[PDB]
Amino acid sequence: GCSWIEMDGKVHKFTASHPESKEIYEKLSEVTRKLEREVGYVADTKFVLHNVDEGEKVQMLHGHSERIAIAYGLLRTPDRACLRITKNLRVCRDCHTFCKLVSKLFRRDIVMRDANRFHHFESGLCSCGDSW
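Please supply the coordinates for the chain just given, on its own, in the form described as "inactive state" in its entry title.
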């Protein structure tokens, strides 16, 4: 599970969590805090335990790699700039809503190509009509 952002032929990859910088995750924390304060949106925490009993580690079901890529793009690309995100998996439903809200809240188009579909987000809505 990984995600790339394309900025005029510049590609950066994001997975998982070894931070490229700490200012990305603080940008991401302020963006997510914006979503809950502005529109009252909270994502759902999903995880697995391969065995519940006695000291197993928590494994998250969705890496949310594109969220980090979006935060990166809001830092390095100028305003109104289209964020171009690529994913090798199917975008999860919470991240799809995340992209919609960001595209409207921050007034930026987002062209996401996931494992099977091009998602063009603009002004809060997507080209796929929320069917993918």
Second form
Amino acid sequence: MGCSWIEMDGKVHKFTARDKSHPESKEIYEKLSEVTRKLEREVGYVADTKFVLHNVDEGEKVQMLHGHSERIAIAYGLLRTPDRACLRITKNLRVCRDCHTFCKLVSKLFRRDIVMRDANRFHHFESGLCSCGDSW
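For comparison with the form described as "inactive state" in its entry title, provide the form described as "active state" in its entry title.
Coming up is the bare chain, nothing alongside it.
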């Protein structure tokens, strides 16, 4: 589905969008919010959060959309792999524009290359720029 995998010197962990029925370790979500804040503070990142509303009965309801799984995978990688180590992410869907931008900025600020294989392309993020040239 919307799955991402991180591969760390042969070792593999899978991540999905937020599922409160199967929560990841809170330490990982804490790292994500910490990285998001540092991106906002240190490189002027405009952090996105998405939500929807459904036309239910007796009024209306809003529902926060869960951030995409590769951001969780990247936070896990920043927690578990050495400083400056390349982060290798595999996705089964095409990386969206907002996640692609997130990856660029992470590669710059945390001084780690990111190699992402999404549905269609290898994206190599180095120092804030991607090998795809932002066409994918």
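Take the two forms, superpose them, and find the largest set of C-alpha atoms that agree within 1.5 Å; that set is the rigid core. Residue numbers count along the first chain shown, from 1.
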Quiz item: Taking the rigid core as the frame, does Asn88 move its C-alpha by 2 Å or more between these two forms?
Solution: no
Quiz item: After the core is matched up, is the C-alpha of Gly63 off by 2 Å or more between these two forms?
Solution: yes
Quiz item: C-alpha of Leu105: shift of 2 angstroms or more between these two forms, rigid core aligned?
Solution: no
Self-check item: Rigid core fit between these two forms: Cα deviation of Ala43 in angstrom
Solution: 3.7
Exercise. Quote the shift of the Cα of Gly9 between these two forms to one decimal place in Å, the two forms being superposed on the rigid core.
Key: 1.0
